[PDB]
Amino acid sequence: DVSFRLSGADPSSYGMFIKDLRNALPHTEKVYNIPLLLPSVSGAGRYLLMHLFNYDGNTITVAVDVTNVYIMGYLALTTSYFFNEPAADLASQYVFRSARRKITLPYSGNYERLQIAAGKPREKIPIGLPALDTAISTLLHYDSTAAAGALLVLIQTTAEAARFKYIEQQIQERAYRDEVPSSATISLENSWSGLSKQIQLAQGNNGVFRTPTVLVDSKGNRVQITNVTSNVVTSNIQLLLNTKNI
């Protein structure tokens, strides 16, 4: 398991959490020095539990699929909540079985469905450590519309930060003041599968992407990533989605 506490949190303690989150994900191989997530894990070992504590010390436990860093569901007191998708229903066979009741959320966990449920795109939803504190608090008591926004915050401040050093740093910059994600953050989130694939395809193609990945950079400029010498590959991405899952 991994844990993060909002009470007394700072960029350093958050960085330690994201480090722990990354290190909890198993891999037997690195591709261009980046850990390659496993094709599959059977049974309960598929799911990492993240214990998150809001500023007041109230807690939720979030179940994360260790092969793709997808959040499947979470436990809040004696109620479990799972996304309305087959992978999450499968997770519900293994985690939070002791919950007195299980609620299936009225949406799947993908950005597009969550944004529809929330009533806004995540371009308009501030993120940061304060937003994470709010998100945890919101998830404590069932409200499906509120929860959708909270989950958009939760996913980006945990999984996406684990996947990209840039996103982790963006949240560290938002330790005491929320701000909507940079266009670069959004671009990286949207391109994780694509980048993961092209980095793996580069292995037998002399470090060269079979298909370029278009990204938005720090300055708001759209750029093309064509090979493994790119800063996105050498410094930024921290976890690769296995091509078997793409």
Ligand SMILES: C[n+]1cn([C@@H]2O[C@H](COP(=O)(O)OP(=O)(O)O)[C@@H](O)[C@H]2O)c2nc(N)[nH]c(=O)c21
Second form
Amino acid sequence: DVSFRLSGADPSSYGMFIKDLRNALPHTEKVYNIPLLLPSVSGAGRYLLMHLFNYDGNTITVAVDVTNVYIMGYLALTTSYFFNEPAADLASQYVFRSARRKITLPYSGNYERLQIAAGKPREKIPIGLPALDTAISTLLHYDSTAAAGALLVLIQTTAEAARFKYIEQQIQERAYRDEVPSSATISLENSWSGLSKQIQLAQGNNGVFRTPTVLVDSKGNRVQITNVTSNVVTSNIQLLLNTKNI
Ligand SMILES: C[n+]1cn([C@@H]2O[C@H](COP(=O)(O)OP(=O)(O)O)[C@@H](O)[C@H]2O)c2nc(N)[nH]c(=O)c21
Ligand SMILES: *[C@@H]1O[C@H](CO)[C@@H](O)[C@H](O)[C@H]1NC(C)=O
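Mind sharing the form deposited with this ligand bound? What's above is the form solved without this ligand.
Next comes the full complex, this chain leading.
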């Protein structure tokens, strides 16, 4: 399991949690020095449990698929909540079985679905460590509209940060003040599957992407990523979704 406490959290302790999260995901291979997530894992071992504590010390446990860093569901006191999707229903067979009751949330884990439930795109939702404290608090008591926004915060501040060092840095900058994600942050989240695929296809193509990935940069400019020498590949990306899952 991995854990993160909001009480006394700073850029350093958050960085430790994101390091722990990445290190908890198994890999047998690196591709261009980036860990390659497994094609699949059997049984309960497919799921990592993240123990998150809000500032008051209340806690949720979040179940994450170790093959793709997808959040499947979470446990809050004696109630489990899972996304309305086959993968999460499958997860519910393995985690939080001791919950007194299981609620299936009225949406899948998809960004598009979550944003419609929440009533806003994530361009408009501040993120940061204070937002993560709120999100844990919200998830503690069922409210499906509020939970969509909380889950948008949770997914980006955990999974997306694990995936991209840039996104981790954006959250560290937001340790004590929330701010909507940069255009670059949104771009990277949206491109993780694409990047993961092209980095793996580069392996037999002399480091060259079969298809260029379009991203927005730090100054908010649209750039073409064509090969593994790009900073996105050498510095930024920390985990590759296996092409078997693309
Ligand atoms: C497509 N899929 C992607 N996610 C992740 O949760 C958010 C998925 O939403 P998305 O809109 O599919 O993401 P993307 O367009 O950025 O790939 C991203 O972090 C995805 O990595 C997903 N999470 C769950 N729980 N279930 C899914 O089927 C699923
Ligand atoms: C590789 O990418 C760099 C910029 O990241 C660029 O200068 C170069 O033209 C690219 N090479 C190819 C063959 O795509």
